[PDB]
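> These are the residues of each chain, in order.
Number of protein chains: 4
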Amino acid sequence: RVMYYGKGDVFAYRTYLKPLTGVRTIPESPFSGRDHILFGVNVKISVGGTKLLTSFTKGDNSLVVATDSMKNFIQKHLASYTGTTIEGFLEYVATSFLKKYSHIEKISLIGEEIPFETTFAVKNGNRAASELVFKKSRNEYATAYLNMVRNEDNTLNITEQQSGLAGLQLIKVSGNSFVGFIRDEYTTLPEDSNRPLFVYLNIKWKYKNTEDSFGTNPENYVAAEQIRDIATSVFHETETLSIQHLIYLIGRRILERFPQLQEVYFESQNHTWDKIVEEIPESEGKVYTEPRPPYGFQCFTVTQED
Amino acid sequence: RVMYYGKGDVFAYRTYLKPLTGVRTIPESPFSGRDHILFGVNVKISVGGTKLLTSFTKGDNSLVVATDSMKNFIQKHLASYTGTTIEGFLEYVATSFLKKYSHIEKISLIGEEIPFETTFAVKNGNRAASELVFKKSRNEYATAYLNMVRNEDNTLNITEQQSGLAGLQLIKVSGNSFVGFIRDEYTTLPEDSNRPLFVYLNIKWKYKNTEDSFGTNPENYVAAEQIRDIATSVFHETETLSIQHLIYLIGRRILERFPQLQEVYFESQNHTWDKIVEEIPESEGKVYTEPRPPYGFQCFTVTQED
Amino acid sequence: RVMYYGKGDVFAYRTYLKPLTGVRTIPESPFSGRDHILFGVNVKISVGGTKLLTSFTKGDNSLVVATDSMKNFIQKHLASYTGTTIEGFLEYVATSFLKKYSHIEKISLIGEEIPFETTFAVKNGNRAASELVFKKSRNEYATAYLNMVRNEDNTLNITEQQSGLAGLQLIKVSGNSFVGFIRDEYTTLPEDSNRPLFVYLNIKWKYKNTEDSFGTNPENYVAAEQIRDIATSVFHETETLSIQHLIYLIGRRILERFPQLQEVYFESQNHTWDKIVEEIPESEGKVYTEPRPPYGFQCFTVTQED
Amino acid sequence: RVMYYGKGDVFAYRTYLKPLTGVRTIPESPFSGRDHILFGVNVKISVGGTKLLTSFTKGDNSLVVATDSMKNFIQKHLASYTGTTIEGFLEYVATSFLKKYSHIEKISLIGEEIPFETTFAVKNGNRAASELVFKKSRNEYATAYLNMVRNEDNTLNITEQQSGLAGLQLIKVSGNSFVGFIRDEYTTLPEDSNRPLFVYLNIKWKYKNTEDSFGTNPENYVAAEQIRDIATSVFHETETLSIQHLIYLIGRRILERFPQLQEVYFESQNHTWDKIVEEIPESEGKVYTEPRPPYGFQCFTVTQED
Ligand SMILES: O=c1[nH]c(=O)c2nn[nH]c2[nH]1
Ligand SMILES: O=c1[nH]c(=O)c2nn[nH]c2[nH]1
Ligand SMILES: O=c1[nH]c(=O)c2nn[nH]c2[nH]1
Ligand SMILES: O=c1[nH]c(=O)c2nn[nH]c2[nH]1
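Chains as they are written, first to last, in the entry's author numbering: chain A, 7 to 312; chain B, 7 to 312; chain C, 7 to 312; chain D, 7 to 312.
Possibly wrong hints are sitting among the right ones.
Unchecked claim - Keeping only pairs whose Cα atoms sit at most 20 Å apart, straight-line, the calculated EDC-like set for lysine to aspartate or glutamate is:
1) C:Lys64 x D:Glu311
2) A:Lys64 x B:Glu273
3) A:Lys112 x B:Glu273
4) A:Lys106 x A:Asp159
5) A:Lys57 x A:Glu158
6) C:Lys281 x B:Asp15
7) D:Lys281 x A:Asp74
Keep in mind that the hints were calculated from the coordinates and are not lab data.
Put together the whole structure using the sequences plus the hints.
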């Protein structure tokens, strides 16, 4: 039976987490690590267990870890966390939670980065990156997901792990087509040999070996910042034939750069602008505007078997 | 393998849909039907099929029904729909879509009501409900979900059906408790014999018999308005011991009132206020304020096995 | 020079406020008062004064009332408030603040109602209105604005008072036209003798006598619920020729029903739907959908001179 | 009498606008211009004038320019614009509109940048800035405001002009204090000699000479990007004693760098996190979390005369 409870929107901000170093650059991305002067995370915790049943059926709170207590638990654990990644932070919380509370059989954790970008400051006359001042970003952010279970024989196993990148909004001004689609009684969409493809991208990847996701050995760790740069680079390089076409080629490229990954999952959305003006005198430019609310979307998983 | 595409946020508004009448009443609710002078729905459509593979791998759009064409299909079918429910509308769209498109093997549909409330006007000497003017509501709304597949032998079969009520936000000012929970090093929440419990509720039900969702026989239909009325009534009658405790009781009342239902599912959130002032002289009143963002949540399925 | 500081989003919820009764009724509305079992308010406070200067220019906080302390002030005063309206609560907060902090020369307050709607419960055999369970509403809400100054001779004076209704969203399915507008090289909008006019309305009114706003003499108070009912009634009654034409008619009706009002200010928007389908066989019905983002807006003040 | 009408959320995206080049650099910023490969803007247009009266009072649309036509006018004008700034674009629209429609006495325009960021693409062997693929940013954006009147002698005069930068969210991890403020019965906030000051900033500036805002002479133009960089630099450099003290010093630096500016206006908000963990073993690190909803705010003008 379905039976879970927990805490969502657990925001937790940590200064001076152990820096993530030793990630090898790939051609698409300069990412080599994170300074972690500021490390923000938004945690959602959810726990399950057959012994929680009376809390529902009888109003018996004896075996109820208050959700407020779970919040305290996550926040103290971020203080005491000695690792370098969100993925590793989740495992640390999950392990430590299951050991503390034996009546809990399953725990599920989501960790969403709260990204901060660097800013410019002048020190004694010269402009450079600040080590004190940071700009909160509302753009793309890394994610992580972990499900941990307590088996009958009293051991703890990770049953599901998934890392990700969310809120990536990319527009390519030209070099995009959508042609040859079904033309029938329901079709009003004109063919377009040259559109400004505007796509929202949620990319998720699973590791062949779960240990690689924690960052303990950084050479095996796949950073969301790297996945971002692959997506932009592939979009640039491709004469896209559709979004479906685009995300296949993005996923192929990710799995080629990262042979430690089993699969790459995509959730895309089409928010492409409507054309108002085709031609301006003496320039190559055009004018576009926002479309009606309806948006296209695609879901697609690319495995190593492709 | 995971392979889907479609269209979201398909808003469609129909005037003068066939009225919902002939429903079976229950003690908790005076719900007697819907006028359907104004019928609003927000439709998400997703389709799959192995024959779509090459639209991704090769960028071959030959068998691609444009997502924009899916929008036209939905809107046109809301015009020609002869029934009386969202659930029934989904089945009309799904069956019709698969019949039109032989290479599509599965279709999933979500439909979310866009509620409107009655307003009143003075005309002809008296104040009376307006047949023309309606107020858009951003409160609770009904939902529907339907998954339909094309089988090997070319029949169409519904594999999943679920109806629902979303966005229900209820506060009970007194007559609630949360005591007896685990007290340890992680616990800073005080025991509370009398709190103003504030809950967000999303409730979803499944029928034993799928045909009962359509409203063709209105007696067997379960209206979201009736479910709303059960929830608010049970909340009032109950000396709550927790949210877990409350949603079980709601779930049981729903299953008792509707024997044609197989199960009920809850997704609740806790948004209870913090107390600022406990005692006002010459008054039973108190002052409260908004809490920090972390919210408690609870997921639970009550089945006929209760 | 502009110099202010303060606190916003000061949420405060009070139970068992003194009920608003003894109101004077109008034909358009059955509004007879407020129970005030649950009273919710969202306050924003701004304060000024030339003596706050050094807190900006020198970093001198000696005369700085902490914005956190302002939040505590408002929340404690909601507990001690013996009145019946948001407008009267603002006066009480304002007067009390300037009396406490002599160095402050001006104070501006905004109060927004946090709506709650009656729910129903089965109890003791019958189905009746609950005194405990309330539904949070995200629809229309009352507002209040007050600006108070400390005069050079130490007395206090209200320089501005303004009450309001916000978030009112109304659609009239028929009996609306928009024709006769300018047709030139920038005009693509077709003339329309029968459209479904959808408006967002923000209505604000000022009293001739400030003290009528407080609700001390309730018969003189103009309730936002009554304004709402006038708006829906006039929209229904009127074959509108534009939104412009409609809001003038609502404003005139307001000033006729409430002669103690000086003026009524409107801030409207046009979110009218796009027609998809005109003809549905054997029914007067039609289908519509959401337009592109650009919305029309209108600003108009009606005074006793009309 | 208040009498206005127009169109909001006019989204307009132009490709290959004339590049902004030759901007006078400052030490705090690298900014030297904009490529304008992609240029997005969100315009709100408002028009007024006494001959519109009958449009409201009688429902006579003879002199009504449809708001939909205003949208067309703005969009078509983005195509024909030969200038290089948002401020210049508003002037071009305003002037052109008043010349075309002689019954209109006044026009007010708001222009909001829709910012796009550069991305990485593998080009000519190594990753470099793509000239095709951009990332939509939901962070800070440039703004502009222009009001223009037709005088009785039929000349067109700019009566108000203001440029801006909105949505800047800055957090400084240390080097911030808030002490010495008033401590009475309403004060619960502890003094803090070391807090992680988190500020939301809206900065607006007016020019001594209006013609400096258009960018026709790029030597005299003040770019939002440069203002952005002055703000992060000054925040870094300053041991802040309050937000009030911070924004004053930010303003001074702006007026010093830009003698062609008459004034700088600030609207700031305090969203500073609550401390959970003050001390972590073997580390200078700390953990924080989101506070309750209430937020402090400051409004302040710095002029050349400070
Ligand atoms: O109803 C509740 N259930 C819980 O699990 C919980 N935890 N803190 N408060 C709570 N309230
Ligand atoms: O890339 C696209 N894929 C689709 O399936 C589609 N339908 N309309 N536009 C589209 N673009
Ligand atoms: O009622 C309206 N007034 C207007 O000014 C307008 N412009 N487009 N549609 C409109 N409708
Ligand atoms: O910078 C600040 N200014 C203020 O006025 C204030 N009040 N609380 N914290 C504050 N911080």
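> Would you mind marking each hint as holding or not holding in the structure?
The hints, checked one at a time:
1. As the CA atoms of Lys64 (chain C) and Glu311 (chain D) are separated by approximately 16 Å, the hinted pair is consistent with the 20 Å bound.
2. With a CA separation close to 19 Å, the supplied pair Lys64 (chain A) and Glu273 (chain B) stays within the 20 Å bound.
3. Pair hint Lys112 (chain A) plus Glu273 (chain B) holds up; C-alpha atoms about 18 Å apart against a cutoff of 20 Å.
4. The straight-line distance between the Cα atoms of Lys106 (chain A) and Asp159 (chain A) is roughly 17 Å, inside the 20 Å bound, and the hint therefore holds.
5. At most 20 Å may separate the alpha-carbon atoms for a hinted pair to count; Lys57 (chain A) and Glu158 (chain A) meet this at roughly 14 Å.
6. For a cut-off of 20 Å, the pair hint linking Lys281 (chain C) to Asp15 (chain B) stands: about 17 Å separates their Cα positions.
7. Among the hinted pairs, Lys281 (chain D) with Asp74 (chain A) is consistent with the structure: their alpha-carbon atoms are about 17 Å apart, no more than 20 Å.
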